[PDB]
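Take the given structure of chain A and dock chain B with the ligand to it, following the hints.
Single-letter residue listing:
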Amino acid sequence: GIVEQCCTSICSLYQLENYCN
Amino acid sequence: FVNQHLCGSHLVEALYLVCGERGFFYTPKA
Ligand SMILES: [Zn+2]
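Taken in sequence, the protein lines are chains A and B.
Residue numbers for the first sequence follow the authors' numbering, beginning at 1 and rising by one.
Residue numbers for the second sequence follow the authors' numbering, beginning at 1 and rising by one.
It is worth saying that the hints were derived from the structure and are not from the lab.
The C-beta atom is built at its ideal place from N, Cα and C for all residues, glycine as well.
Among the clues, some could well be false.
Unchecked claim - Listed next, with one range per pair, are the computed distances between beta-carbon atoms:
1. 8(A) with 21(B): 28 to 36 Å
2. 26(B) with 10(A): 16 to 24 Å
3. 8(A) with 13(B): 14 to 22 Å
4. 27(B) with 12(A): 27 to 35 Å
5. 23(B) with 1(A): 28 to 36 Å
6. 8(B) with 12(A): 24 to 32 Å
7. 7(A) with 19(B): 12 to 20 Å
8. 20(A) with 3(B): 15 to 23 Å
9. 23(B) with 14(A): 16 to 24 Å
10. 25(B) with 12(A): 24 to 32 Å
11. 9(B) with 15(A): 27 to 35 Å
12. 17(A) with 28(B): 13 to 21 Å
13. 1(A) with 16(B): 13 to 21 Å
Chain A extracted, bound-state conformation:
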């Protein structure tokens, strides 16, 4: 999911925002 994606590949802050409460 996002944890793996950000580390194996790349990820954007906009994608990180999907994890906020």
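Below, chain B with the ligand without anything else, positioned relative to chain A:
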């Protein structure tokens, strides 16, 4: 913003910046 490569604790730091007072859920795969 630019795309980033974030591993281990460095991803939790990013989430903390992005979400702030809203809080977040850190859910790695098992
Ligand atoms: Zn480090």
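Original post:
Among all the numbered hints in the text so far, which are the ones the structure does not match?
Top reply: 4, 5, 6, 10 and 11
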